[PDB]
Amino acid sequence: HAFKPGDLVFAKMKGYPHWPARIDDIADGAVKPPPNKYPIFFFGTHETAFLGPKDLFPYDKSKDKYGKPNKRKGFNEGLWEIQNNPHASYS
């Protein structure tokens, strides 16, 4: 049940609804994440951030609740990405 690069999630942060996202690559050395933090890419708006598991909701279990369209900027485009090409390069 450990998170791994490529898992799809809804990621939660302050001021936004639970947001379609993915776990990015995890490496060591000078790009090693902080302890118990994961590199997250947000679909639709395309930021990256480190988040901990408490803010990460596995996509399949949560999509019925969180994966409905809304008016937030980039949200519905994010929904398109997570559904139709979640593992693409967006950079």
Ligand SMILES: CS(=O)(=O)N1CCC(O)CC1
Contents of the next structure:
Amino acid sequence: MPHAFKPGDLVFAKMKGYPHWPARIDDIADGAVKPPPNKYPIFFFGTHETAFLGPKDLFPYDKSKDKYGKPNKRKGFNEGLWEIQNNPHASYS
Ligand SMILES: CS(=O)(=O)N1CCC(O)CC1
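To test you: the structure above is the form deposited without the ligand. What is the structure of the form deposited with the ligand bound?
What follows is the entire complex, opening with the chain shown before.
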């Protein structure tokens, strides 16, 4: 059975107006801004941006890759696909 989400989990993250996007649950660094209650820090591969999202918008990567892991025109997406597949736990600072 599933556990709750935890830092390092790989997902497709969905925001309004964007296709399901390769992403990870981030850690919060000591001294860094924490997300709101009930939200996780989501690092989106390719664009390297963070947003705060709840589980409803988070699709586990293994299960979802066959549907969502196809090239997309949007900026950063295809770079994103390479990252999540090839070095999803790397520092992208
Ligand atoms: C799916 S995306 O384009 O990487 N996206 C992440 C950050 C958000 O605020 C909007 C842009």
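Residue numbers count along the first chain shown, from 1. Only residues modelled in both forms are compared. Rigid core (definition): largest C-alpha set, two forms, superposition within 1.5 Å.
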Worksheet entry | C-alpha of residue 32 moved at least 2 Å between these two forms on rigid core | yes
Worksheet item: Quick one: CA shift at residue 53 between these two forms, core fit, Å?
Response: 0.3
Fill in: Once both forms are overlaid on the core, stretches between these two forms of 3 or more residues with C-alpha shifts of 2 Å or more
26 to 33
